[PDB]
Amino acid sequence: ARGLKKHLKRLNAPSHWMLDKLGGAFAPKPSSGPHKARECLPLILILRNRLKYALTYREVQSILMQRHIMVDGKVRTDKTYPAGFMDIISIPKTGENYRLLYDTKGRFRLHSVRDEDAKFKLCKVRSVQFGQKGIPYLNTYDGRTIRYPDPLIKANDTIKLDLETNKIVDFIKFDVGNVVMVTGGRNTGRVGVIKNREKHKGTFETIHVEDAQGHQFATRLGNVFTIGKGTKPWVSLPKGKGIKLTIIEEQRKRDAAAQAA
Amino acid sequence: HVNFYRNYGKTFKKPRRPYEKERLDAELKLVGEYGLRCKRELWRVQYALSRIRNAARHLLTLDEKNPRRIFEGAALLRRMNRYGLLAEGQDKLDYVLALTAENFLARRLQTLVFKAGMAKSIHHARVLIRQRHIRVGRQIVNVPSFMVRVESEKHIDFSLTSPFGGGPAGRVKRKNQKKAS
Amino acid sequence: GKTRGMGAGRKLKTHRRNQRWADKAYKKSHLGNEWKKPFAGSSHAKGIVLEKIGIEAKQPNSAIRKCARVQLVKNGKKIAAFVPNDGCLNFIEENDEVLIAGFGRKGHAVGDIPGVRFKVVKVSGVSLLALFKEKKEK
Amino acid sequence: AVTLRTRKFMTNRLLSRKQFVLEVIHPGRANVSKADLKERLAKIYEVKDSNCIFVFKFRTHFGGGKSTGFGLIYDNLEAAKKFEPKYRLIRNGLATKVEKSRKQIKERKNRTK
Amino acid sequence: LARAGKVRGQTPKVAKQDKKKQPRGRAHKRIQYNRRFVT
RNA sequence: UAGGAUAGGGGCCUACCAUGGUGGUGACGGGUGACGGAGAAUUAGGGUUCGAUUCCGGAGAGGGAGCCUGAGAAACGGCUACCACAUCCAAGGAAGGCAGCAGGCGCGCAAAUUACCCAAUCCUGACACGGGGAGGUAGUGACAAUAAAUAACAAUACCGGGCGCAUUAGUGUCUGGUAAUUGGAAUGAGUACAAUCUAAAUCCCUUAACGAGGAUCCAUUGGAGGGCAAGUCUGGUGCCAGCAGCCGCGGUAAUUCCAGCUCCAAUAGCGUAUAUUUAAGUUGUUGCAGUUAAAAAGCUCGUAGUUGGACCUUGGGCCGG
Ligand SMILES: [Mg+2]
Ligand SMILES: [Mg+2]
Ligand SMILES: [Mg+2]
Ligand SMILES: [Mg+2]
Ligand SMILES: [Mg+2]
Ligand SMILES: [Mg+2]
Ligand SMILES: [Mg+2]
Ligand SMILES: [Mg+2]
Ligand SMILES: [Mg+2]
Ligand SMILES: [Mg+2]
Ligand SMILES: [Mg+2]
Ligand SMILES: [Mg+2]
Ligand SMILES: [Mg+2]
Ligand SMILES: [Mg+2]
Ligand SMILES: [Mg+2]
Ligand SMILES: [Mg+2]
Ligand SMILES: [Mg+2]
Ligand SMILES: [Mg+2]
Ligand SMILES: [Mg+2]
Ligand SMILES: [Mg+2]
Ligand SMILES: [Mg+2]
Ligand SMILES: [Mg+2]
Ligand SMILES: [Mg+2]
Ligand SMILES: [Mg+2]
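Protein chains in written order, with UniProt numbering: chain A, 2 to 262; chain B, 3 to 183; chain C, 2 to 139; chain D, 9 to 121; chain E, 8 to 46.
In short, the hints are calculated from the structure, not lab data.
Okay, the calculated beta carbon distance ranges per label pair:
id: 1; chain 1: E; residue 1: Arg31; chain 2: C; residue 2: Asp113; range: 39 to 47 angstroms
id: 2; chain 1: A; residue 1: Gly186; chain 2: B; residue 2: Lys117; range: 49 to 57 angstroms
id: 3; chain 1: E; residue 1: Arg31; chain 2: D; residue 2: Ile52; range: 52 to 60 angstroms
Just so it is clear, CB atoms sit at the ideal spot from N, CA and C, and this is done for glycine as well.
Please work from the sequences and hints to get the whole structure.
Right, here's the structure in full:
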């Protein structure tokens with residue numbers, strides 16, 4: 002190709018969008034933004050698909066041009082805007098607030114939060130280093146660059162960021178013994194506790210994690226995102242508290258729930 | 003061009019040996035006893051049965067405590083019981099392999115309409131079902147190969163708009179009344 | 002006997018590769034001389050009738066097998082095609098378009114007709130079957 | 009006797025309306041016209057104006073005596089004019105239509121000045 | 008190349024009957040079923 | 001090695017220097033009727049064959065070559081030049097690129113309308129609003145695929161067998177039926193008010209009223225010696241015409257041709273040609289053969305290749321379920 006591609010064909014769209022294969026030839030093609038477009042959830046799907054607030058393409062545009070939807074504290078009128086993990090979507094007109102979090106099956110879910118727990122987010126640091134005139138600054142994994150961080154915050158750690166003041170308010174030091182929610186691979190959605198980290202010089206670091214219900218698993222460093230200090234997490238969990246289960250467990254769940262109805 | 007992505011499949015397969023008397027007579031026995039229209043109706047039942055038997059044989063090949071064997075065996079047994087294809091206490095997954103095409107043929111809405119009264123015949127039952135004359139729960143079904151489940155076997159009855167269980171008479175019953183008047 | 006070593010995969014695979022050429026079907030399909038044949042890897046071909054000849058049958062039989070020599074439009078080759086039915090040769094006229102197919106047996110002569118592996122199936126855009134069964138005329 | 013029975017029904021203040029699935033039952037009838045559906049719906053939802061009501065995508069289930077479709081009740085005429093496509097309003101009688109002819113629709117206008 | 012069509016031309020012409028149409032479909036299978044092992 | 005060039009690494013290119021680099025583990029060359037992959041067909045298992053085509057990647061816009069603009073092009077619905085071809089001319093000149101959509105010619109065995117629309121999906125622009133032969137809608141469409149009509153029920157009848165008397169009969173059972181026998185009931189194929197569908201229409205699904213007596217609302221394609229299911233029936237022809245995948249038939253008594261009747265198989269489908277898979281343990285790794293059926297080199301040596309004898313504690317116990 003002689004340049005950038007602007008269409009996303011529906012069969013090539015991410016599998017966790019759950020777009021149906023006969024519903025057209027194209028998919029929304031998330032615009033560039035603070036998330037990598039293969040791990041984001043555009044606003045078209047948040048409004049039209051999940052929340053069923055709109056029935057068509059153009060209805061979503063009619064919603065956005067009216068400045069209702071607010072993403073992480075600012076009003077975003079772009080229709081394919083790449084909202085992502087741990088963002089907040091707010092509709093003040095309905096006074097309703099959602100944190101984007103994973104479910105155990107690896108798909109984004111809009112977990113309702115309160116207005117208290119919507120003025121802040123958590124963000125993992127990509128790196129820390131100096132800038133022009135010796136000023137230190139840190140990178141997040143969603144584009145944000147903060148200058149003059151606490152000189153302790155190192156790479157791969159977590160920070161709490163108030164949306165009002167837009168500065169840090171606390172942080173978690175990435176290390177063994179903290180709760181972490183996996184954001185990639187087959188284990189995405191599963192929360193757990195860091196039990197082991199094994200280094201490998203020249204390759205990816207691997208993390209070994211143990212769920213609260215005992216199930217043990219592992220991932221690589223880039224796919225782990227600490228939530229809280231100690232066993233208690235700092236943010237709300239969705240319908241399942243990040244606990245993966247076998248297919249037989251949910252078969253039992255359906256049939257056992259089929260006797261009360 | 004979307005709509006090229008819609009799947010479709012084959013439901014039956016012709017016999018390897020065209021003209022063998024033994025198979026010919028065995029097949030005609032069923033095509034007559036159950037009032038089927040042609041050999042294709044028998045062959046699609048055979049093909050569905052062969053599918054479910056390959057699944058059962060594969061699961062039987064594995065070892066128990068294999069969660070695939072467990073999960074798929076429970077699902078397959080539930081599917082067989084749901085259509086009355088398997089008696090009670092038979093949930094051993096070896097009794098699926100013993101299952102016969104006569105059992106599938108026994109569940110078609112034609113055979114069940116005949117067996118419930120309502121029909122006086124196996125061919126009367128078919129022509130009765132293809133004339134909007136029979137409903138299952140609340141819906142007018144006119145496909146003789148409907149394959150009722152055991153739960154909905156009670157609610158089968160005539161249509162609310164067929165003369166035989168419903169309301170107004172037919173073309174000829176009115177036509178004779180008008181020429182009579 | 003057969004090589005059986007664990008590290009003998011090259012020997013077995015190269016041996017099968019060499020020996021498959023000894024098989025007439027493999028060699029027939031993998032040597033390329035089918036593109037030199039009249040039809041050039043085609044099921045059917047159209048032609049112009051050049052003349053009507055008539056050929057005897059082999060020894061155990063006795064008859065005249067009535068065939069038309071055709072020239073293929075696509076490549077200009079000259080072949081003989083049997084005209085299958087009783088009296089269908091009288092439908093064939095001189096210099097009329099004709100659709101020819103194979104005889105069966107995939108390029109090998111059929112039955113008692115010597116050296117003929119083609120059959121006439123259409124004339125003037127109309128089937129020999131419909132002309133022999135009176136369904137359509139030309 | 010026809011009945012009306014709406015499901016999956018939710019009021020949104022973003023587009024200032026309420027959406028629902030109509031599941032009209034009409035034993036003995038062929039089907040319910042959308043105008044009569046409009047009227048009947050007005051008197052379960054008391055709209056003061058039967059022009060902000062829209063119905064579409066009706067199916068008429070096999071075997072008869074049942075129809076489903078989608079229903080929109082607005083709260084303004086203004087909202088119905090901004091939040092509804094033109095052809096739908098034309099169907100409800102609030103607008104008018106035009107046509108096209110593509111030669112010189114732009115082609116020879118390209119080339120004069 | 009003279010006798011092409013000979014026997015086809017010799018034979019008497021005869022015309023078919025107007026026999027009754029036989030049942031089609033399931034009805035044909037009914038007739039076969041009760042003709043093979045009911046009679 | 002040092003430069004030059006590039007967005008940047010690099011013989012990418014220049015100068016100088018060294019003599020290397022690949023190759024029986026197949027280099028280099030040739031064929032490909034060869035874009036690669038995801039995948040497709042057949043598949044007991046192992047396999048065999050295919051993959052132009054809607055998703056991903058690449059490449060091209062008649063053939064080469066060079067460029068400008070721009071973040072991004074060696075762009076072709078941009079330019080410049082040549083080669084091939086070709087168009088308008090007022091004879092000086094001018095303009096070209098459908099392997100986009102539709103359509104035409106040619107090539108052929110081989111492939112649809114010069115239609116409607118942005119309403120869905122999405123892209124795009126200054127843009128909520130314009131545009132979109134992308135894409136959708138309809139049309140042609142037995143490529144493939146699904147469901148599923150062409151009749152059901154009653155008594156009559158010349159009758160026809162088991163089962164009631166079974167003796168000696170006689171009829172009566174599930175009706176099995178030549179029965180254009182008699183009798184109503186049922187229904188959608190078709191037609192069509194209406195509503196619904198739809199961007200507007202259309203088709204479907206609902207539906208008023210019409211619409212079934214069996215000559216019609218009429219089922220075909222192949223067969224009837226064997227393989228292989230179904231005639232030692234009747235006319236014709238006489239080694240002719242013809243059939244026949246193979247074996248074979250036909251020369252005056254044709255189970256095989258030409259026809260009629262009858263019967264057989266599949267059935268809204270079935271036949272034929274070609275390619276391919278299976279059958280094929282007739283390509284054999286699983287898994288074939290080599291005295292005589294095809295097949296041990298005349299004999300030995302020998303490098304790579306393949307193959308390679310035995311031997312060095314987890315042995316004697318505790319421990320928890
Ligand atoms: Mg492109
Ligand atoms: Mg976009
Ligand atoms: Mg061979
Ligand atoms: Mg350099
Ligand atoms: Mg090529
Ligand atoms: Mg090609
Ligand atoms: Mg492509
Ligand atoms: Mg290009
Ligand atoms: Mg060209
Ligand atoms: Mg170019
Ligand atoms: Mg072009
Ligand atoms: Mg074209
Ligand atoms: Mg026939
Ligand atoms: Mg014949
Ligand atoms: Mg035979
Ligand atoms: Mg036989
Ligand atoms: Mg043949
Ligand atoms: Mg012989
Ligand atoms: Mg024969
Ligand atoms: Mg005959
Ligand atoms: Mg052999
Ligand atoms: Mg010898
Ligand atoms: Mg020998
Ligand atoms: Mg050696």
